[PDB]
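Engineer: Generate coordinates for the entire structure from the input sequences, incorporating the hints supplied.
Number of protein chains: 2
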Amino acid sequence: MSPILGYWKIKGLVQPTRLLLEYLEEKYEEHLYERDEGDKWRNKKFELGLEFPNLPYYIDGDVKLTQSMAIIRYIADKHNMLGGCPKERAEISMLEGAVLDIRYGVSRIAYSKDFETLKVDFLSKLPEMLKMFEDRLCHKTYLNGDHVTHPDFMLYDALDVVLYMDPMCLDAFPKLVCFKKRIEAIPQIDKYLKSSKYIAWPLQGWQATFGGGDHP
Amino acid sequence: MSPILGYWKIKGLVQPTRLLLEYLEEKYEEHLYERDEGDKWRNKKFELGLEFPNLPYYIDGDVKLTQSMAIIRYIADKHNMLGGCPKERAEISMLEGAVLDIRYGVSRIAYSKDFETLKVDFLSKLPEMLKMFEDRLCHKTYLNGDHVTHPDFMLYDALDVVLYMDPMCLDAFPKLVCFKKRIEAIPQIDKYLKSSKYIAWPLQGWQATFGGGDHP
Ligand SMILES: N[C@@H](CCC(=O)N[C@@H](CS(=O)(=O)O)C(=O)NCC(=O)O)C(=O)O
Ligand SMILES: N[C@@H](CCC(=O)N[C@@H](CS(=O)(=O)O)C(=O)NCC(=O)O)C(=O)O
Numbered sequence: 001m002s003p004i005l006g007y008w009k010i011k012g013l014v015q016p017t018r019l020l021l022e023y024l025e026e027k028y029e030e031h032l033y034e035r036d037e038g039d040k041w042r043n044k045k046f047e048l049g050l051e052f053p054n055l056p057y058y059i060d061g062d063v064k065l066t067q068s069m070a071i072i073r074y075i076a077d078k079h080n081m082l083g084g085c086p087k088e089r090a091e092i093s094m095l096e097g098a099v100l101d102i103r104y105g106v107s108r109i110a111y112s113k114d115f116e117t118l119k120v121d122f123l124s125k126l127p128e129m130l131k132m133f134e135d136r137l138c139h140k141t142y143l144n145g146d147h148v149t150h151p152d153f154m155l156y157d158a159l160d161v162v163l164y165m166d167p168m169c170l171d172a173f174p175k176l177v178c179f180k181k182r183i184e185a186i187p188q189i190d191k192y193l194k195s196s197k198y199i200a201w202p203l204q205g206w207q208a209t210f211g212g213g214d215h216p
Numbered sequence: 001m002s003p004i005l006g007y008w009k010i011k012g013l014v015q016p017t018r019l020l021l022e023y024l025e026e027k028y029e030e031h032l033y034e035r036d037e038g039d040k041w042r043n044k045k046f047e048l049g050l051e052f053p054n055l056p057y058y059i060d061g062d063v064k065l066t067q068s069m070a071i072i073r074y075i076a077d078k079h080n081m082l083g084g085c086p087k088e089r090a091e092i093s094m095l096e097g098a099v100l101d102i103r104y105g106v107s108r109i110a111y112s113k114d115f116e117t118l119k120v121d122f123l124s125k126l127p128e129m130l131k132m133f134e135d136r137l138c139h140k141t142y143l144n145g146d147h148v149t150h151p152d153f154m155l156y157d158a159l160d161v162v163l164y165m166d167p168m169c170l171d172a173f174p175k176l177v178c179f180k181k182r183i184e185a186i187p188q189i190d191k192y193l194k195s196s197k198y199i200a201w202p203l204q205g206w207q208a209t210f211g212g213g214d215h216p
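Chain order of the listed sequences is A and A'. A prime marks a further copy of an entry chain.
According to the entry's author numbering, the first sequence is numbered sequentially starting from 1.
According to the entry's author numbering, the second sequence is numbered sequentially starting from 1.
Keep in mind that the hints were calculated from the coordinates and are not lab data.
Just to be clear, a hint being listed does not mean it is correct.
Treat identical chains as interchangeable: a pair holds within one or across any two.
What the hints assert, rightly or not - Within a straight-line C-alpha distance of at most 25 Å, the following computed DMTMM-like cross-link-like pairs (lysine to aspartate or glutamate) qualify:
| # | residue 1 | residue 2 |
| --- | --- | --- |
| 1 | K44 | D166 |
| 2 | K44 | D101 |
| 3 | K119 | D101 |
| 4 | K87 | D160 |
| 5 | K64 | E128 |
| 6 | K87 | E29 |
Structural biologist: This is how it looks when you write it as structure tokens:
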């Protein structure tokens, strides 16, 4: 049967994974927990056969997984996209980590009552983080070269998110601007982003001071 | 020449990596930044050839890496320890993530002025996190079975850290208590923990409210 991907009906930690699945054109069903289905999840949490019960989870005829990163890596690995040798795989793991520093950098302050104050500090450090990627993309179409890897969708998600926080944070980074457009230019992605499956909001959990709520 | 591992002279994000290197008996030199060498690092940060300048970093005749997780995975991968197939590698990635939830759970609140209040909330959720590992170890010597994998050293580091926070947090988890002793029973580990190379403190950056300072 078709693999089952479970998570809240938000972008959050699973969006990059959804994009990788669409890009690979893999078939899959989603168990989406609405903002008021917290209890629905609780009563099912310890009943899915998961060794480390959590959201997101990925269940398919061969495995039962939790931990967003093990999930996206599993999907990529099943398609030989993790790297052909130790060095390459490390490059790709390094790219994941660097993207997470930005994505997690947002979530870390998005649930605070003093978001604006934290935001200033954050938007103050973001430029140096972005420049590392800008330089990475100066002589590359995608993060790992001519071919797409899962970090590309992670970066895309992170850029999508920081753009909501500051629509001008990419003004000094033309390569990153083109990269985001380039990802949206991928047929499978453009199709998915225009379909009824696409969850455009919220970015974080509904209760978040930033990227939360039921509407943009 | 011998690989170079660089980081602050604290356990922090690199300790599990140091333990994996010792276990594998790999030769390596460390560029340790003292509490007052922040500037020493700044003036070298963008001069090491690192694509994503950060701490820790790992430089050896074949690669230049940053991102603690890409580093430990690289070392494990160079020894064929990441997993023999997609499923196994995902299991191992899942274990990393689950350990990080605990380790990062500590760092997230260790720099706050209200540590004690946050600590209560944290120590309230830790038991459910620990039990997942307790159950994982009920019919296994190590997290992935009979043989050691890098997540074992990550878990060890996390247990070492939560024990400083609460010396009794493992009282209901005998398998975890034995697991920690079992890791310390590994010849290379026992030797390293008794050598002059072992950095017992601090756990977090020196400025941390918890696990910080120059002395326990
Ligand atoms: N490290 C885990 C963290 C997962 C996590 O924090 N999940 C949250 C939701 S969200 O933060 O991703 O929105 C949750 O509610 N998990 C279910 C639970 O805690 O019962 C991962 O990456 O998968
Ligand atoms: N995701 C990175 C985070 C690294 C990080 O936050 N490094 C801190 C130090 S510590 O938090 O690990 O102690 C640092 O000072 N990096 C150097 C810098 O920011 O210039 C990783 O895992 O390697």
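Engineer: For each hint, tell me whether it holds in the structure or not.
Structural biologist: Hint by hint, here is what the structure shows:
1. Taking the closest pair of Cα atoms, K44 and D166 never come within 25 Å of each other, the shortest separation being 38 Å inside a single copy and 31 Å across copies.
2. Taking the closest pair of Cα atoms, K44 and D101 come within 25 Å of each other only across two copies (21 Å); inside a single copy the shortest separation is 31 Å, beyond that limit.
3. In this assembly of identical chains, the alpha carbons of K119 and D101 lie at most 25 Å apart whether taken from the same copy (15 Å) or from different copies (24 Å).
4. For the homomeric pair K87 and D160, neither the shortest alpha-carbon distance inside one copy (29 Å) nor that between copies (31 Å) is at most 25 Å.
5. When the C-alpha separation of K64 and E128 is checked against a cutoff of 25 Å, the pair qualifies only between copies, where the shortest distance is 19 Å, while the shortest distance within a copy is 38 Å.
6. Proximity of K87 and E29 under a CA criterion of 25 Å is satisfied inter-copy only: 20 Å between copies versus 34 Å inside one chain copy.
In terms of the numbered hints stated before, the structure departs from hints 1, 4, listed from lowest to highest.
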